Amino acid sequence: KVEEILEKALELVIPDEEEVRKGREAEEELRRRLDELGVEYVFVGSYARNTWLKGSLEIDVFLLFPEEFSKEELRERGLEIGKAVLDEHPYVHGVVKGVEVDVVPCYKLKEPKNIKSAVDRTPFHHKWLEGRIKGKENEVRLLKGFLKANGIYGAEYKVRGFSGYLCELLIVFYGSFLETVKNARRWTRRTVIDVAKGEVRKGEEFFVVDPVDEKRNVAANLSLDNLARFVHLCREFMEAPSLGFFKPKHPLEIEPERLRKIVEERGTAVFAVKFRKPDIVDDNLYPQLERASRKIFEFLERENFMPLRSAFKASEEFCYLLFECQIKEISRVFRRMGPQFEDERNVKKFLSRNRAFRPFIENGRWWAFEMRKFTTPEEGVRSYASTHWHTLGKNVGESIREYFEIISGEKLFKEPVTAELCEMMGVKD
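Atomic structure of the above chain by itself (the form solved without the RNA):
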């Protein structure tokens, strides 16, 4: 059955003529414009190697240069060859014949001499792959489609999954999609896949050695949990192959009343911190949302609200930090630790404070009943976000400093976070 399933999967991952047409049209046209300017360039994307996933057409053209500052010479070229345009790091993005195109500067290099490397490597990545991926393009597509349908294709921080480069290296290492999944069933968090040496060994962390640069982990951005999810999916697929593994899962359709019912049944405190989304790119925002979520989670743990799990969502205008806690309310009174009975001066100090109830000795130490300044996790977070917003990421914290609100109940359910809430609580269809 497996072999038959992969055949049907091909219809979902391979681009259809009409988009493959747009690519061709745009490529010829882009070459014409580049040639006329006598520009030295090379197509290095997934498009150039016909390994791009259906519906994901885009062109990556790198411009080869020797000098130091040409950040502007590229500004020109890109701006001149692109029908429409927008924006060391800086590059030109636009469209040509209706196709997305990235125009990046870099040094035409006499091989491995990557200057303040990053963009200078890409051409080598393409060179190494070009002659080794031929004939296995669709294998790469099945891999990408499999990953995408399961939300783990993409190395951007929003996804923390598998980069396209990583997918091609895997296909080259194992030979095909099927073989990649069969072997991935045995990957561990210490697995080192050294492509250039054709070997697998144990290491400190999951590491896929870049054949172009040994010290670089091509899977640097693949999170531990998405590696885990992939290994599991691979095991599940081989156990019972289904075309469904290549199909995106469908958004759980649930009314607010049913969400309220689930929450009331779990008996937890479910709430969110809502604030304006700061004007920064995803690769900057997402790590800040993860940090903010973690700090508040840690605050909730420390304050004994027993948080279960957290999650976040970035909409067009707002961001949401979601939490579920096992404690909806904690007592006003708490135990404040005092000094050992021996320390006379500190004991007098500890006892000099006015309190509603008398302190006491326990296990040779003084203790006092004191009052919390909040009794619900929502009140705890209102306090934390009001004075400790600086710990929530530079831009996320600054937005929260200006404005935030804690929402729960039907109000919360109305926000565009239902999918994140369901996922967080493990709600099923």
Given for the second form:
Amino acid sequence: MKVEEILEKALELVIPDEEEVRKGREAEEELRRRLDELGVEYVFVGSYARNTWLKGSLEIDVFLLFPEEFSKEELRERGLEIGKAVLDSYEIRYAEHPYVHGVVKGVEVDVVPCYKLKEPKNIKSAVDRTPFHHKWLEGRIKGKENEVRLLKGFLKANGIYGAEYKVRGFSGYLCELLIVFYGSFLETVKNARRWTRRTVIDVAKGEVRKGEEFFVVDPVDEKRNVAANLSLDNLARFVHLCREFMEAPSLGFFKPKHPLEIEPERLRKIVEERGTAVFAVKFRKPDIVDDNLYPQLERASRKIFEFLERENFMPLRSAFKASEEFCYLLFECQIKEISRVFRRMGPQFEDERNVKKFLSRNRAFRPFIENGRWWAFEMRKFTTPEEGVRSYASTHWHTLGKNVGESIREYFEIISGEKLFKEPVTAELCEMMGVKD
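Switching conditions: you have the form solved without the RNA, so give me the form deposited with the RNA bound.
A lone chain is what you will see next.
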């Protein structure tokens, strides 16, 4: 049951079976045919072109090569039109760099425009160095595509796969680059156990040096960090995962963990056992793309957390959840209620000028001296986290993310108790509190 045995069973979970390969090829063929009628230059990139896509995740990436001189606007317009006329059913919903998604003979496809250059330098559009990533990988990943699939499947099952902002994990390309560096999934896992937050992995130079932050230099452009969007905590989760896997290998590390339900009744008893203040800020989900939403939910969530900590409610952790129509910012504090009074540090008895200005203030209790300096009893405007959040969110909505803020401005409410466990956030609450089972 040692590693190598597990890796064999694992291959079954990550390698596409002959039937799925068929579908992808036929779609590839058809897709080329359609493209070969309109003329137009194109290059298949990504995991389908390199035969490193994960089982049950077949998505063909076609990149339309345009002349450098063309305007950004021409790019989207032509790409849009070409995308639409080439797909059975389509859908446009770019985030910054436009592109068209669709289905050809049942397979997902991504038609993306990009400028055609020589030398991946002075990139015109944000995705220009992608075709060069394909060239560089072409002759070096050949024969290790299965090692790539194991790594992707590992990260996928543990929730740190993608590099979109929702995940802030490992991109596919990053994965491929790691296979070319260490040679296999097993070696990557073995070495990643010793990675640090200053680790720099440079495949073009076959080197590993210590830097200012986790960096995986792009062979194509040594100034771009391929793991730029990999968050620190997620880097940390992978390293820990690699350690655990080596100690007690298991096919489980490649199988997705089910949301694993819990009765909102068990959740209520846990919160009571904990004795904390658990609540959420609910508002309507802005109609924007994931890559726009999450960073905003992240800011909002953080801005409120910081409010809760400087206000002494002792926040434990924060979380957030986006559903079809609403969003939720979750919080947990050790302080369900604080006194109305508190002490505010004053000047040292020494300089009377400021002592006066300090005592000149209208106060309900009369300041005192303690260890050489004046202190005053002040009165809070709120005494619970919810009251505090309600206030802050009503007045500081503009700093809670462009769209998330404007939405909280037109409406939001604070949910807690039984009425909160009925919302679709139980998974996030359990993960946030470390509930196990």
